[PDB]
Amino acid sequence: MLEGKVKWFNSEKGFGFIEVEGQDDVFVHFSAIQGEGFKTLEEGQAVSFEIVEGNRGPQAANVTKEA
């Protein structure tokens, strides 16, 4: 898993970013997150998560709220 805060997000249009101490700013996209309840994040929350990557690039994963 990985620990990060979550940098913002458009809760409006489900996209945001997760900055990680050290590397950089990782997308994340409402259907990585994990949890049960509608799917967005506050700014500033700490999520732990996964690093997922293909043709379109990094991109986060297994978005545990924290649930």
Second form
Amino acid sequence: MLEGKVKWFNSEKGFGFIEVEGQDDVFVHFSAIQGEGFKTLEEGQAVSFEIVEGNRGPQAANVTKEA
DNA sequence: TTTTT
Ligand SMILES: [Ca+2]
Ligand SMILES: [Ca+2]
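Go ahead and give the structure of the form deposited with the DNA bound, now that the form deposited without the DNA is out.
Starting with the chain above, the whole complex follows.
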């Protein structure tokens, strides 16, 4: 898994960006977020994830909120 | 559902 931090998340529309030191930001949609219920992320949150080729370039997958 | 082509 890669380790990063949520750069941006649009709480309303369910997407954002994960920043990874020395790498390009990675796009995250709510559907990638693991866990039950409403799926969301706050800026600054540490996450673990992988990158997948979506329809339109790389996107985050299997995103988990870390301490 | 992009900072997507
Ligand atoms: Ca790792
Ligand atoms: Ca936000």
